[PDB]
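*Asks:* The lines below spell out each chain.
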Amino acid sequence: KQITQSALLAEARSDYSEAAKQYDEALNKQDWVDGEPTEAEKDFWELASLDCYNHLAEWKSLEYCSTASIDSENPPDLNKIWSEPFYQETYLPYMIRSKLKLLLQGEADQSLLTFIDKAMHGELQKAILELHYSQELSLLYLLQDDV
Amino acid sequence: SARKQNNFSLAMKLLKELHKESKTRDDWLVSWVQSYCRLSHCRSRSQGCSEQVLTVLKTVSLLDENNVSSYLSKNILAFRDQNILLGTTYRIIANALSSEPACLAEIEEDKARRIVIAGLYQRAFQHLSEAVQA
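Residue numbers (PDB author numbering), protein chains in the order written: chain S, 2950 to 3096; chain E, 3245 to 3359, 3373 to 3391.
One or more hints might be untrue.
As the list claims (entries may be wrong) - Chain E is faced by these chain S residues, among others (derived, beta-carbon under 7 Å): (1) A2959; (2) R2962; (3) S2963; (4) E2967; (5) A2997; (6) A3006.
Claimed, not checked - Within a straight-line C-alpha distance of at most 25 Å, the following computed SDA-like cross-link-like pairs (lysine to any residue) qualify: (7) E:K3257 <-> S:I3019; (8) S:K3050 <-> E:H3263; (9) S:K3029 <-> S:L2996; (10) S:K2970 <-> E:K3260; (11) E:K3260 <-> S:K2950; (12) E:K3264 <-> S:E3056; (13) S:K2970 <-> E:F3252; (14) S:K3050 <-> S:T3063; (15) E:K3264 <-> E:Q3278; (16) E:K3257 <-> S:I2952; (17) E:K3257 <-> S:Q3059; (18) S:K3009 <-> E:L3259; (19) S:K3009 <-> S:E2988; (20) E:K3248 <-> S:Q2951; (21) S:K2950 <-> E:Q3278; (22) E:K3260 <-> E:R3289; (23) E:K3318 <-> E:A3246; (24) E:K3257 <-> S:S2963; (25) E:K3302 <-> S:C3001; (26) S:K3029 <-> S:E3056; (27) S:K3009 <-> E:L3262; (28) E:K3248 <-> S:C3001; (29) E:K3248 <-> S:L3005; (30) E:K3257 <-> S:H3004; (31) E:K3257 <-> S:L2957; (32) S:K2950 <-> E:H3263; (33) E:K3260 <-> S:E3022.
Unchecked claim - Interface residues of chain E toward chain S, partial, derived using beta-carbon atoms under 7 Å: (34) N3250; (35) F3252; (36) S3253; (37) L3254; (38) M3256.
In short, the hints are calculated from the structure, not lab data.
Virtual Cβ for every residue (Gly too), placed ideally from N, Cα, C.
Same shape as in the complex, but just chain S:
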């Protein structure tokens, strides 16, 4: 009733974002008792939603949305538990589409550099499947004039 009634509103920075953000900001300590069985369902879905509204927009909304779904504080447990899930493996382009906006800002920037590097760290083991899966991985190089 917050979000299926957002598909209508056809906006992707206010209505959906207010329908989504308070779920993680408030900690939902009293509504997590009844919604405790959902687990990943309530989670990843909200996770997923916070993507598919801004997945097109990128911009500060995106770096912050990664920040929500990324592995920023402690980035090795996620990869050390799963290699590729049919959910978190979907946020890889999300953060990096934000590259487009911050890579526009500066020629060598935190998001892009850290990313493409760690993407090469994970390239060493099962590169080609992921490098093939993502075309966006291509569109990024052209910045530093190296075709």
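We have chain S already, so just place chain E on it with the hints.
*Replies:* Coordinates of chain E only, in the frame set by chain S:
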């Protein structure tokens, strides 16, 4: 292009960038057509008749008397003004929407004037449809 599709909020950040960026006399009006369309788009939703129609009707004639001292091209820019006006004269019957005065009802007095409740409560229907009429 973003306007008609009704994407809104991506178009919010865009309307901020264009409002900011283009910085000429035809700019201001160009951005305003966009905010006014967005006005119709959220008038589709409820209570914006009080809110957003005010947010965009505010400057639709302040900096407008001094803008493109014609010159050509005005129809496509003055009409959306007419939209922010019918979208109230036809919606605003009385009361409720006047809830937040100090500045609000004052606006109806002034707009009706060039184009403090009784000059509106007893008269604003011969005022609004005429301001929109011009």
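*Asks:* Please flag the earlier hints that this structure goes against, numbers listed from lowest up.
*Replies:* 4, 5, 11, 19, 21, 25, 26, 32 and 33
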